[PDB]
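Single chain ahead, by itself, as C-alpha cells, in the form deposited in one PDB entry.
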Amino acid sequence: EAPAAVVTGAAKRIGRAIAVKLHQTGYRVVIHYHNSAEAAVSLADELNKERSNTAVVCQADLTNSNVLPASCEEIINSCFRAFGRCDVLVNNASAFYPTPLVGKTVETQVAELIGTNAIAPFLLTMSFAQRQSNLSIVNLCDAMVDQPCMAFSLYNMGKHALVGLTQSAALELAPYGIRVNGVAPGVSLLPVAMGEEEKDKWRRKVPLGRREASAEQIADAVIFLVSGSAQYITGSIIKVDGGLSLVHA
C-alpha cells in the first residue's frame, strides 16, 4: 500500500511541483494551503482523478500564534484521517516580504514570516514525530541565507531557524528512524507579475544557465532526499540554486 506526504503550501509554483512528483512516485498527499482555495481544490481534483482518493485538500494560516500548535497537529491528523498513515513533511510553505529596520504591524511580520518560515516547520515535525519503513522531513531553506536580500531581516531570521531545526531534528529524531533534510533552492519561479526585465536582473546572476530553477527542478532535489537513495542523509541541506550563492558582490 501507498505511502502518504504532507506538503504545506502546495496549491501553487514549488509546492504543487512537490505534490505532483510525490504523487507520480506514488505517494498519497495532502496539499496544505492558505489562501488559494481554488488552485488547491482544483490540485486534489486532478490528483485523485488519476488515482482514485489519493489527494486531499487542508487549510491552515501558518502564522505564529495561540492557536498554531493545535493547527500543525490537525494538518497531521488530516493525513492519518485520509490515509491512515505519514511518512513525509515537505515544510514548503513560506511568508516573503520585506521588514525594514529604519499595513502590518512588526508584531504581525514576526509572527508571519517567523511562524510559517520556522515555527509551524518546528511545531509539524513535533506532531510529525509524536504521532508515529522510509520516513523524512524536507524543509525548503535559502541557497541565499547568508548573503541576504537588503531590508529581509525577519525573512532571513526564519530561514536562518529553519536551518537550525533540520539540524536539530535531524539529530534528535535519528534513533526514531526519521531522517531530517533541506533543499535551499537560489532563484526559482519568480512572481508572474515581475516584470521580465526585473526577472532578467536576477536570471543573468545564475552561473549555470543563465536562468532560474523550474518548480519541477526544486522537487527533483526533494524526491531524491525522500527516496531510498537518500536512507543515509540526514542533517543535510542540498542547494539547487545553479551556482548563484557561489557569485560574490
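Numbering follows the first chain given and starts at 1. The term rigid core refers to the maximal set of C-alpha atoms that superpose within 1.5 Å between the two forms. Compared with the form deposited in another entry:
- After superposition on the rigid core, displacement of the C-alpha of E196 between the two forms amounts to 2 Å or more.
Okay, that was the form deposited in one PDB entry. Show me the form deposited in another entry next.
Since only the chain itself is given, any partners or molecules it might have are not part of what comes next.
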C-alpha cells in the first residue's frame, strides 16, 4: 500500500513543491490550506489526475486558540479518514510579518505567529504520535534564526520554538520509531510582499550562485529526510541556504 503524508500550508509555494515531490515519490497526500482554497483544489485535481484517489484537501486555521488542539487533531484524522494511515507530517504552514517592539492587535499577532510556527506544529506532532514502516516528521525551520530580520521578534521566537520542538520530539518519539527533523531555508521563494529591489539585495548575498533556492530544492531535502536513506537521522536540522547564514554583516 502507498504511504500517506500531511503537508500544512501546501496550496502554494514551498508547501506545494513538497506535496508534489512527496506525491511523485508515491505518497498519498493531505493538502492542508487556510485561505488558498482555489490553489489547494487545483493541486489535488492535478495529483488525482496523475493517480486516482491519492490527494485530498483540508482547510484549517492554525492560529493559536483554545480550539487549536481540536483543529490539529482533525487534520491528522483527515489523513486516516482518507488513506487509513499517516506516515509523514510536514510542518510547513507559517505566518511571516513584522511585529516591532517600538492593523492587527498584539494578541492576534502572538496567536498567528506563535500558533502557526510553533504551537500548531506541536499539537500536530501530538496528534500524529497518538494516532500511531518509516514514520517521520519534517519541520520547516529558518537558517537565519540566529541572524533574524529586524522587527520580526514574534516570527523569530516561533521559529526558535520550532527548533526546540524538533529536538524535544525527536528525543521523546524515538522509542516509537518516529523520526523528527528539520529543513532550514535561507532565501527560497521570496515573500510576495517583498519589493523587487529588496529581492535583488537578498539574491546578491547568497554565496552559492547569487540566487534564492527553488521550492523544489527545499523539497529535495524534505524527500531525503523522509526516505530510507535517513533512517538513523533524528533531531537534525538541514540548512538549505547556499551559504547565506555564513555571511557576516
